[PDB]
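Below sits a lone chain in structure tokens, taken as the form deposited in one PDB entry.
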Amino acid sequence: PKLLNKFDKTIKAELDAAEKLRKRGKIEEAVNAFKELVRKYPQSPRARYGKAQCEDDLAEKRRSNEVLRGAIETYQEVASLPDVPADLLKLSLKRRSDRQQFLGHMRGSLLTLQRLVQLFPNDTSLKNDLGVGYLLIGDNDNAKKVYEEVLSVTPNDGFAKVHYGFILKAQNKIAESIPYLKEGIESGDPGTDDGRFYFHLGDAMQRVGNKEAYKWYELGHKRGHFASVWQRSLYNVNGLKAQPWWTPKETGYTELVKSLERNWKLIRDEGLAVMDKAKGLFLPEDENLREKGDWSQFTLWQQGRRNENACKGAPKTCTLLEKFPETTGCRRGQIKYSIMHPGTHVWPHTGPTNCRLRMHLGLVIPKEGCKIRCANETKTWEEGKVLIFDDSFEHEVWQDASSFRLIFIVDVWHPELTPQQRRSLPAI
């Protein structure tokens, strides 16, 4: 890349020297050396870029967000200076956007990428990176407009196809998403070999009846994305024991299980009381997992945080669960009531993480019509009995009874997770 303008060429020696100290690993000596060059040559783009890059490296060594915030500002200063080479301008602001996302300043990254796409209107890779910005903030409509433009200029961009297909699939355009996801993955372009697109292509195929879904599940497994054709979670810790169905003894959570089964009617009655007197606290499932039916959930704990208002509706149940941090502290699971009505079929799906196990306590179980498949075995609920499975495996649910089915869902940390992993793992 051409990063030295005319003036920077007259001082290339002084610049390469400081870059040497950085490449060697003496960051503190390089920040001071680029800082002195910026003092001496206030309009040098390469010297400003070097200071920002040394600040970037220093923040990593210290794990400092304050230092990284400084590098982000220095990266912008490179773009305010005069006669900045175009390769240097793009590198500086792309890194600004990238590191802006690591801190969680998504709106800042978006603004930086918008400026990049305006300064360089013909670089499709930047528009593609801007579409990711919109996806990370939850704006699927603006990400759609972007990838449509990319495909209208470069029709064979695989990165844009998979992302466009991902958007269409999230909009419930299952039939329309399959061609974009499949071609995008087959393109082999950079960024297309991602587990998310294998996951969503097979699911789309499974929904329209196409039996080729498992071939894509198999490919994702062979390419290291999925741990198995059945276990297709993507936010995983490797090494944890993996089986569809668990027994209470296998989990080691015998006290939690005994407590739920000994006191099950109490948990049932508080949930029925909310159904009768506070139905609005039951919220519909909003993840597009149903083919048909009514599925609603009343959530007491999520991401290890207690819903104060919900626990006022189920006060005794919440007091009971406080004694068991294996579930109340599961920052990758929930504790919730779940009601399903007749005529409901939940598509085959997996949960996001392998770091939890899911317990089902039966509360109101119709005698017929209710069944849950996990992997290749189908089981039924029983009132007052706990059922334990790993929802990271593909599971499917039917409700073809004559009345409603109420269960209590309790997520626990996977038993083989160390106490440290249980405190560090980001929440889901």
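Positions refer to the first chain, counted from 1. We call the rigid core whatever largest set of C-alpha positions still superposes within 1.5 Å between the two forms. Compared with the form deposited in another entry:
- Only one candidate in 382, 368, 377, 66 has its Cα displaced by 2 Å or more between these two forms after core superposition: 66.
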Given for the second form:
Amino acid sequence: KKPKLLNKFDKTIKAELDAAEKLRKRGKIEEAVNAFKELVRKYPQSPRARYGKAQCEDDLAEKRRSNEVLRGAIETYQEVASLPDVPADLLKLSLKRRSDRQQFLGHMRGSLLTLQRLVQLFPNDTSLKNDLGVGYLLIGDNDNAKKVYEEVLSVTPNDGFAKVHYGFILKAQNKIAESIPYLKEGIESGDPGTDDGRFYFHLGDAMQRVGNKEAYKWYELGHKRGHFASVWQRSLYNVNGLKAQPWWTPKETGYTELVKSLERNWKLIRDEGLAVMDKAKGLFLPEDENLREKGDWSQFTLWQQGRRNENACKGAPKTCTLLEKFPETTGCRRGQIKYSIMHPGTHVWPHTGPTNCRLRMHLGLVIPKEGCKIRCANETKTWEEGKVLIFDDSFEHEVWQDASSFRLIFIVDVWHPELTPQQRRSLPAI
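Same protein, different state: after the form deposited in one PDB entry, show the form deposited in another entry.
Lone chain follows.
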């Protein structure tokens, strides 16, 4: 409906306020900034004049693509809420836009503060509670997020947005069966914010984990709806266009000198890893992304997000020195370089990595003769000591360990070879 943005005094200056807003809507942003700055000087308590100043700064940040200008707008949106006699609709618009722009800039804790204030000021607005839940999720506070969506559901139990987010939270807590009805019903609601790749991804995954054969129906519909490159390649942080295939040869990747270095020096890489196992085993950390059905699996990470772990590299100094010659891996801010040890009785659930922007090399270091294998998409392969396998882990893949002794590999992520130097310099780290 027609939002009511003018308090009693602002209606008496609606002519001036309209003129300034007209300048802004016509794109004359600098003229509009000056007009609203004059109105704010003249009517320092006017919320609509203050809101105009903020909206003008916001439009200006967009035109200049300037984070600095947008931080100015963020403080002016707060100023609006600081004034006397702010109409409720205007108060809510100003603080909502504040939170949205804080999130855009990455100020997740500041956005959370604004969202908490919004819910205090408007306790019957369920949408604002849903937005608060997102604020919590964005700072990693799943406990409070869960409580928010529980409150929402206890008032509006058919709220689809709250259903899919509650289901996401449940699935992340390994409450797999319980998450399925929430994710499914929320997607099916078609409510705004439910048509999101994350929810198709995790609904399918939970179904696969419980043996429900409908999982690929949801993967099909997520592909059809544009969230997945295909039903098998379900990464969600993608550069569209990159060559997509589950398995690559060294020459197909162009990183032939890296592969040669890994294979020719494999015993050195092996031996440093074994020494860490023997004398510094705490550098191997258990896998902690809920990817195991059962078994023991740990990793010893030398690089992550394109940053060298200096303490870790003390444990594998020659390996780190060897790898420094290859920026295609050491500067791959969407991958890692790590030793991975897997013991008998391990099954890694089918899963996908987050991004199509990397390829993953595996160098075999200690490979039992029998029992170890990795499937990617429909092809299944085995490791060999001193040999590299390469696969695109944005494709669904699965791992088994049923030997009688441990299996050690070395994992080296590289940028997808078709990514340009500016792409490799600019993409946000994962």
